[PDB]
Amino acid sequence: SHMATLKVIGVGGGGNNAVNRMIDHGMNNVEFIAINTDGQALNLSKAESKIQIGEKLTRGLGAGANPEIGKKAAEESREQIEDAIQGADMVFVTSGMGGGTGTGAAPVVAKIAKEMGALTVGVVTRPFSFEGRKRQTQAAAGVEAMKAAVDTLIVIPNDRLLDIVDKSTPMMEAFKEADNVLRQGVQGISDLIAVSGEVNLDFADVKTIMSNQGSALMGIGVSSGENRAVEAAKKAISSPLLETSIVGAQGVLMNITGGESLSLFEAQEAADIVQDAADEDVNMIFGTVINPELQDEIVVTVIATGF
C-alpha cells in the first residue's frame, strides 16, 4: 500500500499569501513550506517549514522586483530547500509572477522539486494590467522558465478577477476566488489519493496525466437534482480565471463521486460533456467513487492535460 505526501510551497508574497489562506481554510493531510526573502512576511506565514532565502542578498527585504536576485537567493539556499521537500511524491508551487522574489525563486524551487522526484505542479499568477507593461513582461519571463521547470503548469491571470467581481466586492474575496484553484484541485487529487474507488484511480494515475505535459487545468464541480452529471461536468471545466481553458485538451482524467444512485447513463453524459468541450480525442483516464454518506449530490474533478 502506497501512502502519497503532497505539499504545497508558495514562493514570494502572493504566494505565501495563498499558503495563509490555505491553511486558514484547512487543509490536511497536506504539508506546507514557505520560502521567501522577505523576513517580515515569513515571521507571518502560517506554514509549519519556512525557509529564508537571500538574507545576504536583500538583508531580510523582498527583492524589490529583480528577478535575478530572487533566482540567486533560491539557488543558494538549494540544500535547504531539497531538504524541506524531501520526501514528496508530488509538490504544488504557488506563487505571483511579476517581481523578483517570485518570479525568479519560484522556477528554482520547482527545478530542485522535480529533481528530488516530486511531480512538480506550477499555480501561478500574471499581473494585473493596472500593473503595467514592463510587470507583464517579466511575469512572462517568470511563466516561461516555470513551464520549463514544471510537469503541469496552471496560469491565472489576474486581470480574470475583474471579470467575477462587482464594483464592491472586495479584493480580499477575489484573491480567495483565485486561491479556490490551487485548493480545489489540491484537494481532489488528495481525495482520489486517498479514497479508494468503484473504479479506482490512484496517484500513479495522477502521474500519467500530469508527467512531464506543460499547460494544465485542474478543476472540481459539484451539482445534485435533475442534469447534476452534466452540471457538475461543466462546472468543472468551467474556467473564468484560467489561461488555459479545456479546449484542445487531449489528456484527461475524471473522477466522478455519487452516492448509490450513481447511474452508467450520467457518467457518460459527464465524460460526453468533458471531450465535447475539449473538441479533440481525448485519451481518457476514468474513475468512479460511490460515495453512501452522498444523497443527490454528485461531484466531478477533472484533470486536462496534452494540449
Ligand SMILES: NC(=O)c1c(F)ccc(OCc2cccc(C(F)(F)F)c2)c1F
Second form
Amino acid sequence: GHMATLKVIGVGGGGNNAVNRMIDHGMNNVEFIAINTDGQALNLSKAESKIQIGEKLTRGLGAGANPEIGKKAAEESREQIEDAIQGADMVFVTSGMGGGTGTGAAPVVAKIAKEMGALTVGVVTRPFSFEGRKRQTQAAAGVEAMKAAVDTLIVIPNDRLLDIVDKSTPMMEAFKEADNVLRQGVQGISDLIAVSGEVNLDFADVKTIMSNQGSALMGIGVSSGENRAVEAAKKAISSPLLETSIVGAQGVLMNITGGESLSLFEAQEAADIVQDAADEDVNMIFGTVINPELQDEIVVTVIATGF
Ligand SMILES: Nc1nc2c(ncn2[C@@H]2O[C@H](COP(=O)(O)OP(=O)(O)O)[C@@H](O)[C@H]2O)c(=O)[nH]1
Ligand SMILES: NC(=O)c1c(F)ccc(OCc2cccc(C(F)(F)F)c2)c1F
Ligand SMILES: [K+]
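Moving on from the form solved without the named molecule, kindly provide the form solved in complex with the named molecule as a structure.
And the full complex, kicking off with our chain again.
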C-alpha cells in the first residue's frame, strides 16, 4: 500500500494566487507550500507552509521584475526549500513567468525537488501580449529554464484567456479558468492514487508517462447522453488554454470512469479519439473505473507527454 505524497508549491505572486484559490476548494490529501520574496503577499497566503526567500537580498520586498534576484533568493534559501519539499513523491511547481520571483526562483525550486527524486511537474503561465515584448522575452527564458529543471512542463499562455472571455467577463473569473488547469491535474492524480480501478493504474504508471518527458497535457472531459465517450474524450484533449496540443504525443496515460453502463465499445471510441492524435508508437496506459454512484455521466482523463 503505497500512498504517494503530493505537494503543490506556488512560487512568486501568480503562483501563490493560484494556490490560494485552489485552497479555497479545500483539497484534502495535498500539501500546499507558498514561496515568495514578497513578505506582504506571503502573509496573506492560505498555505500551511510559507517560505520567505531572499529576505537579506530584497529586505522583504519582491524581486522588482528582476529574475536574477528571484534566482539568488531561492539559492540563499535552498535549505529551507529542501526542508519543505522533504518526503514528496510528486511536486507541482506553479508560477507566472515574466516577473522576478517566479521567473528566477521557480526553476531553482523545481531543480531541488527533482534532485530529491520527486516527480516534478511545472505548471506556469506566459504573460499577456499586452504586458509587452520585454516581459514576454523574460518569461520565455524562464520557460526554458523550467524545461531544463522539471520532468514535465505545462505552459498556459495568458493570451489564451482572451479566447474564452467576452468583453465583460471579470478578470478574476478568467483567472479561475487558468487555475483549473492546475487544480484538475492535481485532483486527477490524487484520484488515481486513492481509487482502485477495475483496470488499475497507479503512481508508477504516472512516473513512466511523466518522468523526464518534456511538454505535457493534463485534461479532463465530462459528458452524458448519446456519444458521451467521444464527447468526453474530445473535451479532455481540447482545452483552449494550452500551448502544447496533443498532436504528436509519445506517451498517454488515459482513464475512463463511468457507472455500470460503461460499455466496452465506448472505451474503444474514447481511446481511438486520443490515439488519432498521438504518435503511432505512443506508449498508452489505459485504465477504467466503474463508479456505481454515477448514472449517465462518463469522465475521461488524459495525461499526454513527449513532443
Ligand atoms: N493567469 C494569471 N496570471 C498571473 C497572475 N498573477 C500574475 N500573473 C502573470 O504572472 C506574471 C508574473 O507576475 P508575478 O507572479 O506577480 O511576478 P513575481 O511575483 O515577481 O514572480 C505576470 O506578468 C502575469 O502574466 C494570476 O493570478 N493569474
Ligand atoms: N484506473 C485507475 O486506477 C484510476 C482511478 F481509479 C482514478 C483516476 C484515474 O485517472 C485519473 C487521471 C488520469 C489521467 C489524467 C488525469 C488528470 F486529470 F490529472 F489529467 C487524471 C485512474 F487511472
Ligand atoms: K488507482
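Rigid core: the largest C-alpha set superposing within 1.5 Å between the two forms. Positions refer to the first chain, counted from 1.
- Lining up the core between the two forms shows that one residue from 47, 273, 282, 69 moves its Cα 2 Å or more, and that residue is 282.
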